[PDB]
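Read off the chains here:
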Amino acid sequence: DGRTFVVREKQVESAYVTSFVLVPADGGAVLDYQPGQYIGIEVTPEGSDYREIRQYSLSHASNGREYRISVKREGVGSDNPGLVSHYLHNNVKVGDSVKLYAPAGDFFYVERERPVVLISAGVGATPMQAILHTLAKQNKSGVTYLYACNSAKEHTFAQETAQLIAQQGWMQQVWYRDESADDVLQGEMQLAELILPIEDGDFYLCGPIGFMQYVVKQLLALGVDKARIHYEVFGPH
Amino acid sequence: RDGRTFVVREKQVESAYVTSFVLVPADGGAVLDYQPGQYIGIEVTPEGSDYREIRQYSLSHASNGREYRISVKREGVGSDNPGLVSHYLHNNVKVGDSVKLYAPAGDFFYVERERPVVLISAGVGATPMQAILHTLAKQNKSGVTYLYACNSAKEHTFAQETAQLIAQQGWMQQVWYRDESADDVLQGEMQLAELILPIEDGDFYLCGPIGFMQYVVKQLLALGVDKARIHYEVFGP
Ligand SMILES: Cc1cc2nc3c(=O)[nH]c(=O)nc-3n(C[C@H](O)[C@H](O)[C@H](O)COP(=O)(O)OP(=O)(O)OC[C@H]3O[C@@H](n4cnc5c(N)ncnc54)[C@H](O)[C@@H]3O)c2cc1C
Ligand SMILES: Cc1cc2nc3c(=O)[nH]c(=O)nc-3n(C[C@H](O)[C@H](O)[C@H](O)COP(=O)(O)OP(=O)(O)OC[C@H]3O[C@@H](n4cnc5c(N)ncnc54)[C@H](O)[C@@H]3O)c2cc1C
Ligand SMILES: [Cl-]
Ligand SMILES: [Cl-]
Ligand SMILES: [Cl-]
Ligand SMILES: [Cl-]
Ligand SMILES: [Cl-]
Numbered sequence: 153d154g155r156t157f158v159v160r161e162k163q164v165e166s167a168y169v170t171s172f173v174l175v176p177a178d179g180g181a182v183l184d185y186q187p188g189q190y191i192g193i194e195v196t197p198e199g200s201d202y203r204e205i206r207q208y209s210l211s212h213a214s215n216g217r218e219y220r221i222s223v224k225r226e227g228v229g230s231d232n233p234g235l236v237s238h239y240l241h242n243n244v245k246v247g248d249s250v251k252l253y254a255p256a257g258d259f260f261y262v263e264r265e266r267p268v269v270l271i272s273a274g275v276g277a278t279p280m281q282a283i284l285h286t287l288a289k290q291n292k293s294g295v296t297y298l299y300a301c302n303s304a305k306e307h308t309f310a311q312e313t314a315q316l317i318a319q320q321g322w323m324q325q326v327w328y329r330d331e332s333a334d335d336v337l338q339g340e341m342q343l344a345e346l347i348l349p350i351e352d353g354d355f356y357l358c359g360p361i362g363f364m365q366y367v368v369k370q371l372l373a374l375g376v377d378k379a380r381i382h383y384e385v386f387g388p389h
Numbered sequence: 152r153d154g155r156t157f158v159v160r161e162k163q164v165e166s167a168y169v170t171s172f173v174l175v176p177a178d179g180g181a182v183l184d185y186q187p188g189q190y191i192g193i194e195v196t197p198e199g200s201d202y203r204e205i206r207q208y209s210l211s212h213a214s215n216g217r218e219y220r221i222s223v224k225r226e227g228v229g230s231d232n233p234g235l236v237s238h239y240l241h242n243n244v245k246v247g248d249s250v251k252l253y254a255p256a257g258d259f260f261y262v263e264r265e266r267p268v269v270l271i272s273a274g275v276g277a278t279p280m281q282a283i284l285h286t287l288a289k290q291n292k293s294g295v296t297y298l299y300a301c302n303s304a305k306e307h308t309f310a311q312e313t314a315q316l317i318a319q320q321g322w323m324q325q326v327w328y329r330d331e332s333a334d335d336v337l338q339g340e341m342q343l344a345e346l347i348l349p350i351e352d353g354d355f356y357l358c359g360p361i362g363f364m365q366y367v368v369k370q371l372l373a374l375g376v377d378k379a380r381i382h383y384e385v386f387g388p
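Chains as they are written, first to last, in full-length UniProt numbering: chain E, 153 to 389; chain G, 152 to 388.
By construction, these hints were calculated from the structure, which means they are not laboratory data.
Some hints here could point you the wrong way.
Claimed, not checked - For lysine-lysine, the following DSS-like pairs were computed, each having C-alpha atoms within a straight-line distance of at most 27 Å:
| hint | chain 1 | residue 1 | chain 2 | residue 2 |
| --- | --- | --- | --- | --- |
| 1 | E | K245 | G | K289 |
| 2 | E | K378 | E | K292 |
| 3 | G | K305 | E | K305 |
| 4 | E | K305 | G | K251 |
| 5 | G | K305 | E | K245 |
| 6 | G | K305 | E | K251 |
| 7 | G | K292 | G | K378 |
| 8 | E | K245 | E | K305 |
With these hints in hand, go ahead and build the complete structure from the sequences.
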């Protein structure tokens, strides 16, 4: 069964986000993909009669050996705690297996030899992470990384991203909505007071719709043509 | 005073409530040696930011002079008083973040006596036992039995890592789940009477909450184990 993958690592990325490194158990194989794309993960949650399938963006660069995805605990401390995300967080240990369906998706980086801007918030960072590592392996110049999250504790991939930015000589800017920090802006992401490649860059977007629709209308306005704005949605939320 | 600044290199989920932290000195250079079974101290200042808090955490890997791993149970989940330091570490201390760490100490640790070795623990009691397993693996020790009790599959700390060691070293293990059955585990309380064990010659090392400790020590004595061959450390609650 080529779908059977085992969890080799389970890393906490932030307060609500945990990563899973997955490898074939039963003779499957790690297929190539473009950064931005997703795989389907199938598990059978506790109590539940049924198998359940959810999509998760690859969060690292394609290497043919292992996949990484990064899962937000959805609906935490709420009326309806997300079914698959909680099961993954609470029950799927290193050494446990899941069934996995091959990479696919309409959203992915395309090399156009132009500047690149990655913008995300919250768990929308996941496909941006795959793109960052890919660009890093390609020694792409002209990369800007713009990221928003509620606070330091929800700052997903903070260290990993910072090392990459410094190593490749890129630039980044982070906003914490709910508190202040050094080199961090406080509040919602504000894109007027900083240097962006508006005329020629490609702008890649991923986050809650509210966060995005805001910034999608914002770039249309700033002169960027819609053909240069690319975005992913984790469903209609 | 505080001891010394370390940085979280890795944050791995071990089970539903236990998360490991791999810590390296912010200095660089060697960290103090220790005996498997000993603990370090962690000190932080929780989001209720008045005072610092210090807690003992057991080393859960073999000593190697370069980094420390500890494994921390989220205490008091679902209670009126979720444990301050454990929740702070789980929720706020990310990879790349730093903590203050005190040097290894403690009177409970493995001593080579060329006897068969029994390791017995429950829940997070497994943490120092993990340092001991790794040390004995390194030393090619033969005649090791690992006995472990936890509530269920989702709380089965180090399940994969321990299975691998055992499969690599030719050792023996038995696992008990208090609240459910599973393939090749016993359901219920750890009962020793019917196990093949080196009662006359073995060293018995025990770690876990006091109630479990009292329960196991009474069984050991009734079976005929000399008190001088029972070594133990209590932490709970
Ligand atoms: C292309 C794609 C990529 C994705 N990538 C990622 C990723 O990288 N990381 C990641 O963590 N998640 C990602 N998701 C979201 C993921 O697929 C799941 O929908 C999510 O994990 C929730 O599933 P669940 O079973 O936990 O919650 P469910 O039990 O299915 O539903 C949770 C509850 O909240 C509402 N809800 C349902 N889905 C969502 C949602 N996605 N967001 C907010 N509220 C919701 C529902 O009405 C439901 O009542 C992606 C989704 C898509 C389509
Ligand atoms: C030698 C040794 C080794 C140890 N090794 C480990 C290890 O490897 N891993 C590990 O996870 N832990 C270990 N511990 C235990 C650990 O040091 C902590 O005691 C534990 O993490 C709890 O700390 P906390 O700050 O999270 O909880 P605390 O906040 O100290 O709470 C302690 C208990 O008191 C209750 N409580 C707190 N406040 C109140 C209040 N206002 N009213 C009523 N009740 C309250 C809490 O619910 C909790 O049950 C070890 C302890 C010792 C002595
Ligand atoms: Cl989010
Ligand atoms: Cl919110
Ligand atoms: Cl820090
Ligand atoms: Cl001695
Ligand atoms: Cl138990």
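Hint by hint, here is what the structure shows:
Straight-line distance between C-alpha atoms of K245(E) and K289(G) comes to about 25 Å, which keeps the hinted pair within the 27 Å bound. Annotation: proposed proximity of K378(E) to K292(E) holds, straight-line Cα distance about 23 Å (limit 27 Å). Taken as a hint, the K305(G) and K305(E) pair is honoured in the structure, with Cα atoms around 25 Å apart against an allowance of 27 Å. Of the supplied pair hints, the one linking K305(E) and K251(G) holds, its CA atoms being roughly 18 Å apart against a limit of 27 Å.
Proposed proximity of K305(G) and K245(E) is supported: the alpha carbons are some 7 Å apart, at most 27 Å. With a C-alpha separation of about 18 Å, the suggested pairing of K305(G) with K251(E) holds against the 27 Å cut-off. At roughly 23 Å between alpha-carbon atoms, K292(G) and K378(G) fall within 27 Å of each other, so this suggested pair holds. Distance check on the hinted pair: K245(E) and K305(E) sit about 23 Å apart at the alpha-carbon level, within 27 Å; holds.
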